[PDB]
Every structure is written in C-alpha cells, then in structure tokens.
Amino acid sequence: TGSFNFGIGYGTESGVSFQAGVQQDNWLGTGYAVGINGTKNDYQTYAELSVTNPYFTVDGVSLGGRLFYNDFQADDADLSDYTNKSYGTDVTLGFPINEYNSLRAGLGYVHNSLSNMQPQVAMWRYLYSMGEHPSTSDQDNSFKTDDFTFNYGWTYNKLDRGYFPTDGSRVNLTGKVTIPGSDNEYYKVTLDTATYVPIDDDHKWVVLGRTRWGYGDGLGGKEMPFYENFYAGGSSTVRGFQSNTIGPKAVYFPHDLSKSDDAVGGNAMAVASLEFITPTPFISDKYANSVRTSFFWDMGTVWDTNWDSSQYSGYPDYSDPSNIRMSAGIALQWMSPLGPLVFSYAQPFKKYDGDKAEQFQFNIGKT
C-alpha cells in the first residue's frame, strides 16, 4: 500500500542531515509507485516526486520517472561561495543484467541558476568560455543554463555481506553527456571501487582496497561547469583532510590577484585507499558483524586540466595532478541502535599549501 521513511544524522562534513519520504505502491489505480522524498543538510536542500514501475516489462526492465528541486550553497560545503538553485526531470530505464550487476540508461533536463559568485579565475574562465562577460569586481553576478543529458550507470556488487563485508567487490561507474541543443556541452564520468580480500579462514582480518576517480571536460570550446566539479578530502574520500579541501583553490580578482585556502574542486580527480580491517580490542570476535576496527593509508589528488599556468606564472599550477595528498589513521565503526557510527583519527602526512587538516572526523545516522 505504501511506506513512510525518516532518517537523521550528524557528520563533520555535512552537519545535521534529514532524510524523509513517503510512497504509495499503486497511487489511485495507476500501477506505478508514486513517491515524494526530501533531504536537507548544512549546504543542500533537495526534494523530488518519483513514479517507478518495478516491472515495466516481464524481462524485469523498470521505468523510473523523477521530478526534482535542489538548492546548494557552496560555502557551507567548504568551497568558494556560490549558490545553485536547480530543478528538472529524469527518466531512467533499469536493466538487471544479472543478480550481481545492473545497468541504467536515461534522459534528463536540468535548469541551473547560479548566484552569489565572488569573482575567481577558474569560475570566470568557464563563464568566458560560455559567452558570459561578467565584471571582475562585482560580487553580484547571476547565470542560467538549461541542459539535456544522456545518463549511464553500471553497478556491480558481489559482496558477501551488505554491511561490514569481509570478501568480494563493489563497482559503480556513472557517466553523462549533454545532448545537442543544451546550453552547456560536456561529458562527465565517475568510477567507484571497493575490494575486500580476507587474509584468514574466519575473515576476522580483511584487506580493503578502495579507489574513486573522476573526469569531466567540454566538447567544442565550452568547459565543464564548475557546479559539476569533483572534490576530495573528508571522511568519505581522504580521511584527515577537511571535506572537499583537496585540489585547486580560488584565485580571487581584486575587489594583483589573491591566492587562497578556499577550495574550488576540479574537472579531474583520483583517490586510492588501502585499509586493513582487524578484530576490535577489548571486544569479542562474536561482535565483528556489528563493530569493526581498521588502520588505513588514504591518498588523493584533484586537478583543473584547463588551468593556464603560463599566464598565472606566480600562482601554483593547478593543472598538475602530481600533488598527491596522503594520510594515515585508525577507524572505528559500530552499527549502534541509532544507526551507523563511524569515528576516525587521521594525521595527514603529505599536504599542499591551502589544504585544511581535520584530524578527528565522526558520522552517526544517515549522511
């Protein structure tokens, strides 16, 4: 008949977070499952109307329909300030190719409305490429684009256990590309990997290897919009670093240019981690299903492939991917009666100027 879901959390990257939704499995004798979901945190307020048939065809191919609104405040995400009020629709066909893999192709539309953009080099460079000529001295700028996209997704998940795996792998690869007629013209791809290799019969000692990769760029003069950039740093990418701090920093124009510590992301990104999961001290091995200890080496880099270091010779070369950030630490996780609790302590041993260290990082509930 339906379902109401409510979730709450606190994280050092996104502050307090809410998750709420309601669904009807056969809304007014239509056969499709209509739903409404929301999300709020320090920097984003999302909402959407969904309508999904779980068995569109007998083969198992589904047809999902989405209608959304989204508000994003960049300074509340540790980035150079901007505001993106976006809204749109997405249609997606889901193909369960087998019990471990699933694919998904879809079409989309997104209206993006930028505002409150302090004049900075990487952001203005993109605005110039789009035909805008904003003032290099006025804090009050706006920009609107209407894009159409083809979206692709692949999810592989051959893990033994959903929460606290000891063996197997998970891969997620998403892609998207603008369709002609769109204001922007770019592609964007992301790759996420997780591999658990147990080093003992009882699976109490497990080596976990993770990677995250991102690459996006323009097609025909236009650059990828800065609102679609990649980021690294935070408890979910490179522990020990403040959320999104890694990579290029805003070079502001005078209100000669100011170099800064405010992160701006980039169109390229790479993150690798090696984690050794162990039995928890002072706790029994019967609780490894709900408590987990681990030691890790995290590292990542984010770069701007269009940063022209020839004309910005004094400032750092942000098109250089060789500035590999690194950290080492210990993590503790507990599936508590309040949901998943994760506490980590990492000391960044290799950091570039601008990078902000956040040694203690903690997450409880949904994030």
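Rigid core here is just the name for the largest C-alpha set that superposes within 1.5 Å across the two forms. Residue numbers count along the first chain shown, from 1. What changes on going to the form deposited with its partner chain bound:
- Here the rigid core is superposed between these two forms, and of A270, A288, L93, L191 the C-alpha of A288 is the only one to shift by 2 Å or more.
- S309 shows a C-alpha shift below 2 Å between these two forms [criterion: core-superposed Cα displacement of 2 Å].
- A displacement of 2 angstroms or greater separates the C-alpha positions of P54 between these two forms, with the rigid core held in common.
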Second form
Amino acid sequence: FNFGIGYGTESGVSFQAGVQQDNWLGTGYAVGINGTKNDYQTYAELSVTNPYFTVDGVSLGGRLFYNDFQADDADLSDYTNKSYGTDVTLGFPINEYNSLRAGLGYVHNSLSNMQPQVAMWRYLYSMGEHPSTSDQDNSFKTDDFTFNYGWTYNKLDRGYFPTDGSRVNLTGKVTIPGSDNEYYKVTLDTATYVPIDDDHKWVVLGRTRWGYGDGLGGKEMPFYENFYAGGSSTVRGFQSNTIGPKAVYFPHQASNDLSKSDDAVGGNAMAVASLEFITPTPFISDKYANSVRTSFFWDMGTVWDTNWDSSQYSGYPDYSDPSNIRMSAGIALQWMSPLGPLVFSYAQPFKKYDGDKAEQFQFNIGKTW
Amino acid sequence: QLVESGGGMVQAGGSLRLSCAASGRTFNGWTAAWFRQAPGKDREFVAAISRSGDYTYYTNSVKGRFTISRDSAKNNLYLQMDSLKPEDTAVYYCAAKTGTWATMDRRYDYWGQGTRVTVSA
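Okay, that one was the form solved without its partner chain. Can I see the form deposited with its partner chain bound too?
The complete assembly is shown below, putting the previous chain first.
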C-alpha cells in the first residue's frame, strides 16, 4: 500500500493511491491498482506483468484504465472527456542506457459539455458531426485503435538532482485503419546536464520539448490530444496551459458574431526550450547543502494550430502562426524538506502575447509514504 | 456564501441592478455568472465574466440590454438590467466557478439563493 498527497499551482490538491502484488494467487502475474485525483483529472489503472513471459530481455505488460478529464479546471475551453481503454506493450532493452517499447492500444473517448468554439467545431465537422453551436449540451463518442512506439535514452548520473548526462524520451502513436479517428502524434523530451566544475556545484541544464500531430485522409487530430505550454513544468511565469491558440466562442442561445477570449485550447504543434544555470545556494555550505538546489533559468515556448484558417477569421489573431515565441526568466528553488520534495519558482514573463495569463509565483509540494 | 440582492418589481422598460457578494471572499480567482429561472422553466444562462475579467459573454436574448461587471476590488458582482421585458421575469441566481466559463448550471461550483425579478406589462 503506497499513498501520496501533494499541492501545487498546476493541479491544486493531488491524491495518489497504489497497491502492487508481485504474485497474484500464485499465478505468477504481477497485478497493480493505481489511482490519481486532481483539480481536473481522475485516473485509475490496472497493471499486469509477468517476468516468466520475458524472452531475451523483452517483456510484456498490460494496462486497463479509466480517465475523467474536466478541461475547464485545466484552464482550457470547457469540455468533459471520460475515457477508458487497454494497452499491451513490449519492452526492448537496447543497452544499459537505451530501451524501446511498442504496443497496441484501444481507447473509448466520450466527450460532453463542449462549449462551442471554432477550432473545436472544426475538428467535429471533419468527423461528420454537426452539433448545435448555441448550446453546451452535446456528446461525441469514438472508438480508436492505436500503434504506440517509444524510445528512452537515460544516462543521467543521478535520479534526484542530476549533474551530468542526458535523458531523451521519444513517443509516437498512430490510429489503425478501422478507428473512428485518423491521426498521428509525436512527442519529444530532452534534458541535458553539463557540469563546469569538478565538484559539479555549477551545472548548465538545457531542456527541450516538442510535439506535432495531424489528421489523416481529410481528418483532423482530436482536440483532446492537443499539446499545451505554460506552467511550472513547461514555461514558468505563465499560467498553466495558457500559451497558444485562444478559443473563439459561438454565441449562446436559449432553448427556442463570434466572441474573442483568453481561454487556451492548445494546438496540434508545440515547441518549448529552456536554459538553466544551477548554482550553489548562498552561504549554506553545511550538510543541508546537498539537499538544496538553486538555479536561474530562461524559458520559452510556443503552441499553434496548423489548421487555423486565418482567411475566414481575419478579425482574429492568426493562431497558425508558429513565430509568437513567449519567453520568461526567473529563479527556482528545490528542497528535499521533511514534508517531501518542494520546488518554488519566481519568474517574469518578459515576452508575452494577447491573452496570455501570468503566474509569477508557482510551486509544487508532494509527499509519499 | 454567495448572496444576491436588488430584485423586485418593475414595469416594462425600466432598469434594475442586481448585486452578488460573498462574506470575506473575493471574485479574484473565480469565473462568475448569472442564471435565471422563469416560472415553470429550467435555469438558463444569462451572462458571465471571465476569471481575467477582460471578456464578457451573454445569452442572445439579453445581449445589448444587460451588462455584467465587477468592481475594482472584486468584492461585488453586478448585473445591470436595462430595457426590461416581461419575459425577463424570473428568479436570478449568482454562480461562481474556479475554471473557465460555461453555460450549464451543473458546471458551476457555488450558488446564491436567488432574488426574484418581476417585470409587468
């Protein structure tokens, strides 16, 4: 039994609960149940593995999950996405620092409470759906099968406060013929630590994050697969997910001409980069110095909608423009305090655009037992 | 808790100003909205103001006649009701939300008790 509670500006109060049983009723299968609850998300999975199935280091794992997503509580245009599915994954260990994975996934997405907006309705139209633009009471259910691929390079010298090496994670999925949706999606994450001194007290850190996806054969990528930027983990100094396209709402009518907004919706393309200088903490050269890390950083990122038609909506910003790079700068503090790991940051978004929401003070604190 | 005030009875054409406040609370980090329930009917969206406060959204029937706003300190939420019609007769409810705005009542987290507005021919 492992439990975890946390509080942060990105996800409010976070609860986690898990149980893992290596051998379930002498079957040899390792079974695990896990749960997560956010301000905006409720997630539950059933994990299955079996080390007696592993062949030449290639392992097989199963997953059965449920997910409840409330987009309004993630600072996005309001909608609800209740989903469930399964995943079967294979793990290939290439070497001591590189692993691969490939699996098949099924997912049922049940959408509701969609607040009519242009970009959202653009995807819906491409799927043959024609729900009213004057009401939030709506529904769209789909069933998809996917092929999932992943690569992880991890050569970081230490887990908690790395000082040398890099970590790269590349993931990709595509819909299989027969699915309701028709799209692909790629994500890339990189972290690189370079120590300048022998004691590794001074370290340069470069982070990047990329995402691109689009529909296939006339379709569009569903909006619930969008990428986001802005927040404690992406571009500090900005409110969570604020970076990128903003919703253009249709007018609401009672049961019997568009509106600009500052509500983010994400996009199908995304680019984020950060440079961070890790330094010693001033005047704490005692035993507590090893558990505290101070840093100065420069963050930037952009999100855009490749299928945004600026011609039909000339009165509104061009949300297909990839060149609206947002930037911020500030200082971060990391502490392995008694109450768990803590991260505090203060950043000033010196380059922002219309609709961006600032959040200079951001912090996350967790605790697991 | 949310408390509405400013209702009553007015002849068609008149004006009203509804007010909503919460003791010791502010609307700083909240999306706020007004709903109304005409007799025999369901709660329907009237107007809303974004968390940022820079954007306002109205139902078509009241667009151009009603105005939702907040005071500088964000202690009070207002609905200016001009050019009243008989169909505007309803119990008006104040609502608040932590996330982005919506038009469905069940998407809002906190509600007032309602204040009655009657417009006579």
